[PDB]
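Number of protein chains: 2
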Amino acid sequence: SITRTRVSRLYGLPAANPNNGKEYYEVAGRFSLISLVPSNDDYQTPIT
Amino acid sequence: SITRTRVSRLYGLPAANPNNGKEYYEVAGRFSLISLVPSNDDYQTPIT
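Sequence order for the protein chains is A and B. Going left to right, the first sequence walks through residues 438 to 485 as the UniProt record's numbering numbers them. Going left to right, the second sequence walks through residues 438 to 485 as the UniProt record's numbering numbers them.
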């Protein structure tokens with residue numbers, strides 16, 4: 438809402454102060470990823 | 438009145454010390470007022 442105006446009961450998040458003073462927002466979880474490392478005769482697994 | 442003068446039994450508030458030591462004069466009550474305040478209730482908002 439925007440006080441001293443005809444705007445109220447309007448949902449969403451604007452760009453004025455999205456963080457509400459919070460230094461950051463934090464999510465937490467797990468990321469699952471499979472690779473195609475071009476390896477060779479079955480030893481010497483690469484890295485990078 | 439003002440002792441030692443001819444000014445006696447005069448009616449009125451003299452402006453020498455009107456407050457007479459009081460911190461403030463107070464009056465209580467209610468009051469109603471009409472206005473032409475703005476509102477929608479609740480139109481002009483997004484359709485959803």
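Treat the hints as calculated values from the structure; they're not laboratory data. The C-beta atom is built at its ideal place from N, Cα and C for all residues, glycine as well. Be careful, since some hints might not be right.
[As the list claims (entries may be wrong)] Estimated spans, in silico, between C-beta atoms of each pair:
1) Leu450/A to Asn477/B: 17 to 27 Å
2) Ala453/A to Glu463/B: 37 to 47 Å
3) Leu447/A to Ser472/B: 17 to 27 Å
[To be verified] Here are some chain A residues the structure puts well away from chain B; computed CB gaps all over 12 Å:
4) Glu463
5) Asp479
6) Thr482
7) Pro483
Indices of hints not satisfied (ascending): none
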